[PDB]
Structures are given as structure tokens and as C-alpha cells.
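Residue-level listing of the chains:
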Amino acid sequence: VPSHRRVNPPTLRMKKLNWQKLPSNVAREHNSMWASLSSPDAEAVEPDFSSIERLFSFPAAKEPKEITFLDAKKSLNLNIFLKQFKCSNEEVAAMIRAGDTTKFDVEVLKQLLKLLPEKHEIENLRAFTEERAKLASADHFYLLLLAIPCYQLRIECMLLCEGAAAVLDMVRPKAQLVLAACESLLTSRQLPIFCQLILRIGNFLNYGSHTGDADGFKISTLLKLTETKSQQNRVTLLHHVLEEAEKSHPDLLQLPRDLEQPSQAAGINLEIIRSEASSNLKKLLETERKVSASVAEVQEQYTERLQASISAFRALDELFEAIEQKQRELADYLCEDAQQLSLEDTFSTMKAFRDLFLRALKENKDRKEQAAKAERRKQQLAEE
Amino acid sequence: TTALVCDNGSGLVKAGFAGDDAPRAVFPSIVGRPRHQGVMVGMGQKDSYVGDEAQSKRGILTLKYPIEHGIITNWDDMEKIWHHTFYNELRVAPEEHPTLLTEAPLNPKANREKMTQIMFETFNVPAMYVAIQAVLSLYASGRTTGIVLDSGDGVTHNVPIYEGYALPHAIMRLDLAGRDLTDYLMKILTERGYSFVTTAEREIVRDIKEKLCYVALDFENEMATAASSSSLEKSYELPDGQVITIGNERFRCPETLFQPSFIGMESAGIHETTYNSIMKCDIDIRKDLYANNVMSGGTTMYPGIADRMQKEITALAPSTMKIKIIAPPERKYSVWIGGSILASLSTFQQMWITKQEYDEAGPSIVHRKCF
Amino acid sequence: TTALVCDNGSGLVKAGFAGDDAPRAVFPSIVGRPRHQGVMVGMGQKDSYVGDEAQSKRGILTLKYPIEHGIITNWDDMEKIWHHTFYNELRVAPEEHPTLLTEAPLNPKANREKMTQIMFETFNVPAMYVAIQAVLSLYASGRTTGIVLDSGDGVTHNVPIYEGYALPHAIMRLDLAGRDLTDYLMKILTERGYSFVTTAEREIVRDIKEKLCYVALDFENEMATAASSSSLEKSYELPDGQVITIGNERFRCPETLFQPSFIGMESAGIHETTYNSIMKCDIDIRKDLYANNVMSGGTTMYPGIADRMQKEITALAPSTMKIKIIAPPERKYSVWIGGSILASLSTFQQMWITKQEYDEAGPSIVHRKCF
Ligand SMILES: Nc1ncnc2c1ncn2[C@@H]1O[C@H](COP(=O)(O)OP(=O)(O)OP(=O)(O)O)[C@@H](O)[C@H]1O
Ligand SMILES: Nc1ncnc2c1ncn2[C@@H]1O[C@H](COP(=O)(O)OP(=O)(O)O)[C@@H](O)[C@H]1O
Ligand SMILES: [Mg+2]
Ligand SMILES: [Mg+2]
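Which chain is which? The protein sequence lines are H, F and I, in order. Mind the numbering: the first sequence is residues 551 to 611, 625 to 947 in the authors' numbering, read in order. Mind the numbering: the second sequence is residues 5 to 375 in the authors' numbering, read in order. Mind the numbering: the third sequence is residues 5 to 375 in the authors' numbering, read in order.
Treat the hints with care, since some could be wrong.
Unchecked claim - Below, in silico cross-link-like pairs of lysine-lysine (BS3-like), each with a Cα-Cα straight-line distance of 27 Å or less:
#, chain 1, residue 1, chain 2, residue 2
1, F, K359, H, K571
2, H, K673, F, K328
3, H, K928, I, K84
4, H, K737, F, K328
5, F, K359, H, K628
6, I, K284, I, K215
7, I, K359, H, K792
8, H, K682, H, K697
9, F, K326, H, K666
10, H, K566, F, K113
11, H, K925, I, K191
12, F, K191, H, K566
13, H, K677, F, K284
14, I, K84, I, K359
15, H, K565, F, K328
16, I, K191, F, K291
To be verified - Residues from chain H that face chain F, not an exhaustive set, calculated with beta carbons under 7 Å:
#, residue
17, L562
18, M564
19, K566
20, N568
21, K571
22, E670
Said to hold, decoys possible - A few chain H positions that, by computed beta-carbon distances, are all more than 10 Å from chain F:
#, residue
23, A657
24, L760
25, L882
In short, the hints are calculated from the structure, not lab data. Each residue gets a CB set at the ideal place from its N, CA and C atoms; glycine is no exception.
For reference, chain H alone in the conformation it holds in the complex:
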């Protein structure tokens, strides 16, 4: 008998508390308690619904035709985009037309190109004939955008000039660092004397074997200096060489001074920035050709900046060609063929070896400092 289900409907709205459900077929099993509860002989306690309805009930007893041709999501994104400028959209269409770069970085122009008007949207805006004030801020911004002749070309000039300036200021000091790196690698002063000391100790060590009696090595042998460990497994060969060089010939301690421009390597891949620079120069040439087909206002707005960008990227391509020529010189310098990676492997090699030089210097200084401290402690315990 469904005695618990027989409930009068309350006239007020009641708070809904959450709990999980069990189904009805699982409910009325014979060994379940609900076979006994559904019997009339069960002790049915009647609660006071009036006091609970006093307590736990709820205390709660234009121009919408904006005629927007967009959907909700793109209008929402364009409203978020429009509200960042803290000004009217008339000023926005003004500095789109006037050619200003102060308030437009790469991401804002990327968002603007990602919220371009579509063909049916432009057709619905042009077929519109009623009052312009009835439209949304999004549609009025699109009408102001369509009022600008060749607006997409101007936004592309904004995006490509700002991106070209950013890529030039990123790539040009690093390409100068690569040029200074390979120039200092081609002409180094104490690096022959360091190789003199290394090959003197190495030809002393591997006597009487098939690996002995050599008169040179590649630059990768500078990585293999760290693989050497002593009987204590604490002193490397590089530690012993710098410890002897600190006593005998300290000019090798000025060895990172000539090679500080090889330090930090390139840290990049040169083909990625070269492809990006070539793509940017191709896009600048295409944009200059498109502006040349456009009106003279766009010409006086953009042609000097496009020519400066094309000149700077041409100087960058000349610098890349110089990097290629010095790469061939560095391949012949270390006597390795040019088909293998002799540019990024050599810079990562030199950055790794200079970090090995700096840690070997500071660990030799720490070893001498702790030896001096232990000697002072021994003299202390001998005094006392």
C-alpha cells in the first residue's frame, strides 16, 4: 500500500535538496525493508507539513529586436573584443583607416581577423534600409568597417608590419650572435693552447695502444673530456687540466672571454626562423603588390614602411647567406663534411663545453676552498 507516496501538494515552493536515486524494480524486493515498509502495519509517522512549509519554503512568494545578422557566439566574442578599447567604435574605424599601431598588437589584430564579417552578413548589412541606430554595436561596427575602403588590406598591413617588426627584433640580435659566435670560433686565441695541453696529456695517457699518437681531434672530443673520471671518481680530466692551468698558464682561464659570443649557442633552430623570415618577406612582397594595385592613400600610408621592412628582411637574408658561408668555413675549419649538421651541433657543442668549463672552474675553486678550510681546521686542532 503506497502510504508514503500519498502526499498532499503544497501551495508554496519548496527547497530541493540533492540525493542519488535507486530504481523501482530494485526497491520492492522480498528481502528488502521496503516490502515491510509498504505494508499498512508499519508505524507511519505523520510529519507536520505546515511547520516545514513555514520553515523550508522559498521566500519568493526594451527593444529586444536588435536585428543582428550574426549568431550569439560571434556577437559575444565581438562584444568582448569591442569592450577592451574603452572608446566608441567610430574611433576604432578611425584608427583602422588612419593607420595607427599603438593600440594594435598581434593578438588584437588576430582576434579582429578571426571575427571578420562573412558574405551573407555583408549582404544583409548592405541590403539593410531602415534606421542605422536600430542595429547592434556589432552591426554598427561592421557598417563602420565596411565604410572603410579595402579594410581587410589595411588590417593585413597592420598585422604584417607589426609581425615583421617583432620577428626582426627577435631574429636580428640572435643572428648577429650566431655570426659573432662562428666568427670567434673561426678565430680564437687561447683555444689552440688549450688543445695543446689537452693533446699533450692525452698522448701521454694512451701510450702503446691503437688509439695513440694522434695530432688532432674534432670538437666533440671536448664533450668526451667529462667522461674521464679519476680513481676517486670525483676529479675529471677537465678538472685536472684547469687545476694545472691555474698554476702554470692562466691565459687559458681567459679562454671563455674570447668565446663568450659563442656562449648561449643559438638556442634555436635556424631553419625555423629562416623559413619564417622568408615567409614574412614573401608576404610583405605580396602585400606591397596588393597595395600597388590599391589607391594612393594606402600607398602613402604603407609603402615606406613596407619598403623598410623589405630592406631589413633583405639585409637579414644577406646575413643568413653570410651565416651559410661561415658555416662552410667552420665545416672546413673543423675538417668535417658539410652534409652533416655542422652548425647547430657545433653551437650546442660549444655552449655545452663552455658550461663544462665554468662548472670545472667553480668546482676547482670550491675544491681549493674546502682544502684550505680543512687545512685551517687541521692547523686549529694542532694548535689546540
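Based on the hints, put chains F and I with the ligands in the right spot on chain H.
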């Protein structure tokens, strides 16, 4: 109808009307209870001070924070915080105003159920919304994509988001923020002989953390400068008239944000947490995220955090692509500013959570509606 | 004299004597250093802890797992692990026991040369032989020719073997193993609703992977009954009281071995790398490759992996209805047990590398005796 934006943060509750630039009611979230006895009969000796009255009368009060590590622990206190910020500060009826609310990422679901049921059953509203704090912090910056690091009072969490799509797996959370820096400042101030043990003194240590502390650009050079010369020592006047002078503690206190081993945590600094957040994303969208690092929360008010953060990210990441830090001066209220931007839109009228939706779907439609 | 066999594992280094049924020492591949600063005396506390001692005191220790994906990168910590493995775990000196060793397949040649020169110069063993883990894994089953799937904690490989000699051209690599399965298991249990940020939670999920997870005979059919299976849903109790419920994920964690597109990479599975590795050999050996297919590692303890390997090789290869994939019950340590079988024999005495061979030939003897 003017909506209400009410960021119920761990540190300070920031509430006001939508469509405005600055929040009207900014006040810390503490409940003060008198530990002593009353002898002076009458004059409204009310037993639980909430808000700025707890701040002003703090010398006789035990202060309890209802929010601990971005989790609403004490619920009666947090209801008193909501009652004070609706009735005493804004002085508005909740039944005639929508109320935007904020939340921390990776929150428990039953926590959202509980705030939804208090915001629909006790304080009845026509509509309300729950949003991620980092997403509103990004919307204050006006860009659609980027990574937002938010360091509140209990949580420093990283959320990268690309075109509004918040990546769930690349969100993570580090429990090291302003209260832990305050406790470490109590621990290191006893080296100079200044003792602060009471909860009343936590406001004083939080105040000197707000006023005098700053992020060092390099920790070792600032150590050598502080050890060499006493040029960086700064004085503070206590409310009892005593004047203290602190030295290296101006930069040893935010350095826990970059070195969590000071307070004894195995996890790395916020730069490494940002980096590991970036590697969890897809490799194509990382270029957008590296140039769009957005700070929010008042723990980024230290005036050396941007250049040090740029240095740490540029050192740790590969240097191929652009590193740019977005640190607006009003990023302390960027959660509230982004809520005011989001609440005042014509498209937002259909993402409101109405009373009828609550009656249909319990306090559970916020899971399937919001992210 | 009895010989020593050690499996230098990515997640578990095992060590013991030749002829034993089980390895005497099983310890994780960890090196611990003290996490906080502090010196005192404390009755001579050790500067570095390794293995079970590092596992036992691991709260005050930062750990290092120095093998990355089967391949050795940090060499000093391997030297410390080998010093623990001889001098304290088995309590031996390595200059009189011949020592069998294990390598990951497709090992770099400089790693093998460095391994041999550290065995001969530092430890000064009188005899050492490097074997691929798959060749020892075939030796535990007791045959000399065939392809073997070996998935440990670092990396998955399929290696063909001819008369005890491996073919390095047709060895194939799949970039997942039990560590990657453990990471994926934390990922989909986090998607189920849990969170594992601590050390002990990761060890509990490792023991969940040890106990509950299995491979079904059919993935699609067991998906088809996944909501309706009364026996699929298992659970586990953490000792502080947390309950972890696992359902279909019990056969989604190891099926990453069969289909690596579950996690988001397009690499071939443990049956597909096996099939492609069989076709890259000479044609004559391929029936012997199918006839002696042995799975090995702790990543093959999932029950019902044998009949699923049977069904997948049945699907790819129409000639393999009736040939059975051999799954020993002790193929946790089949690398070690096959090393015990190989080193304990009296036919292996010629194949050891002497000290004089390294002295006259250089380290490159590891290219030419171990093949
Ligand atoms: N019973 C089990 N069921 C499932 N997984 C297990 C079981 N026991 C151990 N594992 C897991 O499998 C791995 C152990 O496999 P194994 O001992 O072969 O690895 P390893 O030797 O360290 O690796 P590698 O051979 O790549 O060097 C670990 O990731 C461990 O967590
Ligand atoms: N000017 C300041 N300088 C340094 N720290 C500040 C400053 N103002 C506030 N803070 C710190 O940042 C926090 C600001 O709180 P907020 O981020 O607005 O909310 P919550 O942290 O409660 O989520 C406070 O706890 C305070 O410790
Ligand atoms: Mg906050
Ligand atoms: Mg192993």
C-alpha cells in the same frame, strides 16, 4: 536591471554593480569573535563582527577566515560574509538583482552545489552565474586566448585557455600564496626579535607585507647588497607607536613564490609550474601562450614580479618565440572588472541561470551549464 | 663459485644469485639525497641512500629515477646503484663473481661502451656479459630462437633472436611501458574524479595496477557489457581511508599496450610492432618467431593478456590460429630468471668478456662479444 559582481575571494571580498570600472565594496573576509568577557552592559555588543568592523576592532577578536586554500570550509561564517556584503555594504535586495559569482579551478562539485543552494534558497536571486576567476581575469585584459596565473590568498593556480576553451588537464594548482607568505614573515621576523603570534597580529604582518615587501630581481645579489650595506632597511610604525625596521625580509618573503623549499615544499616555483602548464598544451598554441602571460590577484602587487617573471620564463623556456608579460596596474580587481564586462552583455541574457532552471534541475545545472 | 644476476630496471632493479628461483633483492630504481639543509652528527647519517633504504626513509629524501625510458642518462647514479647492488644488497665484492647484465634494446653504442668500461675499470669484474632483456626473456622460457616482446617500466620493445644472437635491424621500439601506463592510469582515474599529487597516492595507484587491472579477450565486447558487468568494477582502500573505485579503466590502462591511440600517439601496438618486426626479418626465421613469442616484464602481469595477444596475432597474421603465446607465471623476473639460467650453465664460460680482452680491444668489445 543592474547586475552585481561579487568576487568572494580567499583574501578580500570585492563586490559592486556591473558595468562599472571599480568595485565599491572591497573588504577582507574575516569573522571576529570576542575571546574576552563583557562587563559594559548595553551599547550593541554583537557577538560576531564581520568585515571592516572586525578589522577596526581586531585587538579583542579571534579572527577566522571562512576560506582556506580556496575551499569554503566554514559555511555559517561565509553566509555571514554574504549577508554583510549584500545588506550592509551594497544595501540592495537580492531578489531584484542578478549576482555574478566567481570560483577557483578544480573545485569540488558539492562545493558548487552548496554555493548554488545558498545563492538560490537563502539569498533568492532572479539569476546568478559561476565563472572561473582566471577566465574573468583574461576578459579584463581584453584578449580571448592566453595563460592566466592567479595567486590569491591561498591558491596560486595556472590556467591556460585558447579561444575561450579552457584546457582542463593543463590547469594545475599550487597551495602557496599570500597567507603562507604572511606565516613565513611571522617566522622570519622573530630573528630580529619581533614576536607576532595572535590572529590580530596577522593583519599587521599582512599590512607590512602589503606595504614594504617586493620581489627581488636576483636573490643572491640582493643578499650580497643587504649583507654588505644597510641601505635597503625600511622602517614601519606599529599601531601602538613602536617602530620596527626590516632588512632582507622585504625580499625573503616573496622568494617563497619562486623557492617553495623555504617553507618546506618539494614542488618548484611558479615559473616551473607555468612552464609545465605550457608543456601540457599542444605545441601549436604555445606561441600564443608565451606572449600572453597574464597575472591576477593581489599577490602579484609586489613591484618586481614582472621583470623577474620574464627573466625566469625566458631562461627556462627555449628562446625561439616571444616572451611577454601582461601585468596591468588594475589586475588586483581584474576578476571584478572581467565580471563587470561579462555581466553587461546582450548575449549574456541567455546564459543566466534562472529560478525555473533551478526548480527543474536542482542545484546541479551549474555543472552542465558552466565549464 | 655462484654467479650474480642483476636486472638493472627502469622502475625495479632486481639482484640475486644464479640458480635461485626468485631474486633475493627487489628494490626501486631510486637514489635519495636529503631534502632539507642541516648537518649535525646524528650518529653518522649517510649522505646518499639507495633502494629499500631510500624507499624506507623517503620523506626526508629527494629521489632520482635516473633511467629514462630504458636508456641510461645519468651515469653516476647508476654507479651508486651498482655499488649498492653489489656491496650491500647482495653483500659481495664484484672482483671474483662473474656478473651478467641487462641492456635496453636499441641501446646507443656509447652507452654500452661506457657500461663496459665502468664494469672493468671501477668495479674491476673478472667477467661480464651484456644481454638484451628479450634474449634472457626467451631463455627463461627455455629456447634460443624467436621474437620476444619485452615491456618493463621504461620502454616497450620487440626483438628477434637467432640462436641466442639478436638482430638489431628488426628490433622495434614502442615508447610506452609501466611508468607510462601508471601516468595514464592517474590521468583516467583523475578523469573519473580522483586526484593524485602525493607520493603515496602514486604508490597506491601502482599497487592498483599490480592487483586489479587485466586485459580482456575482446575490447569492443567488454566495452559493450561495461555498464552491465557486475564483476568488472573493483576498488581499493588506501590505509588512511581513501577509496578508489575503478571500472572499465582496469582494461584501458593495459590496452594502451595494444592500442597506443588511446592516449594520443599514433605508434604501433605490442601486437603490431611484433608483426612489423617479424616481417622485417628474413622469411625463414618468421615461423620460429611466431612459435616462440614470449611476453616479459611486470607490464605483462595483466590477466588475459595471453589470449588477447593470441587474438591480435590471429587478426593480423592468418597463419597463427593454433600457435600459443608463452606467458610464464614468473615473467616479472624472466629477464633475471633467464640470466640465472644463462649464467648458471657450464656452456657460458667462453662467452664472458675477460679483463684482458677489454685491455687489448678497448670498450668496443661490447659491440663484438655481446651480439
Ligand atoms: N603485478 C603487476 N601488474 C602490473 N604492473 C606491474 C606489476 N608489478 C609491477 N608492475 C609495474 O610494471 C613495471 C615493472 O616491470 P619491470 O620490472 O619489467 O620493469 P623495469 O625492469 O624497471 O623496466 P625496463 O625493462 O624497461 O628497464 C613497473 O612500472 C611496475 O609498476
Ligand atoms: N598592495 C599590495 N602589495 C602586496 N600584496 C598585496 C597588496 N594588496 C593585497 N595583497 C595581497 O593579496 C591578497 C589580495 O586578495 P585578492 O587576490 O583580491 O583576493 P583573495 O586573495 O582573497 O582571492 C591579500 O591577501 C594580500 O595579502
Ligand atoms: Mg583574490
Ligand atoms: Mg628490467
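Comparing the hints with the structure gives:
1. F:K359 - H:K571: Holds: F:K359 and H:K571 sit about 23 Å apart, inside 27 Å.
2. H:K673 - F:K328: Judged against 27 Å, a Cα distance of about 16 Å means the pair holds.
3. H:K928 - I:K84: Within the cut-off at roughly 25 Å; holds.
4. H:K737 - F:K328: Since the Cα atoms of H:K737 and F:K328 sit roughly 18 Å apart, the hinted pair holds (cutoff 27 Å).
5. F:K359 - H:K628: Within the cut-off at roughly 25 Å; holds.
6. I:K284 - I:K215: Violated, at roughly 36 Å.
7. I:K359 - H:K792: Holds. I:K359 to H:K792 sits at ~19 Å (cutoff 27 Å).
8. H:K682 - H:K697: holds, 21 Å
9. F:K326 - H:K666: Holds: F:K326 and H:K666 sit about 19 Å apart, inside 27 Å.
10. H:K566 - F:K113: Status holds; Cα separation ~17 Å.
11. H:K925 - I:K191: violated, 43 Å
12. F:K191 - H:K566: violated, 47 Å
13. H:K677 - F:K284: Holds, because 25 Å separates the two Cα atoms, which is no more than 27 Å.
14. I:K84 - I:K359: holds, 22 Å
15. H:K565 - F:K328: violated, 49 Å
16. I:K191 - F:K291: Holds - the C-alpha atoms of F:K291 and I:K191 are around 25 Å apart, at most 27 Å.
17. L562: Check failed: Cβ of H:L562 comes no nearer than 12 Å to chain F, outside 7 Å.
18. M564: This hint is violated: H:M564 lies away from chain F, its Cβ roughly 10 Å from the closest one there, beyond 7 Å.
19. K566: holds, 5 Å
20. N568: At about 5 Å, which falls below the 7 Å cut-off, the nearest Cβ of chain F leaves the hint on H:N568 intact, so it holds.
21. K571: violated, 12 Å
22. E670: holds, 5 Å
23. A657: holds, 19 Å
24. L760: holds, 33 Å
25. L882: holds, 18 Å
The structure is inconsistent with the numbered hints 6, 11, 12, 15, 17, 18 and 21, although it conforms to all the rest.
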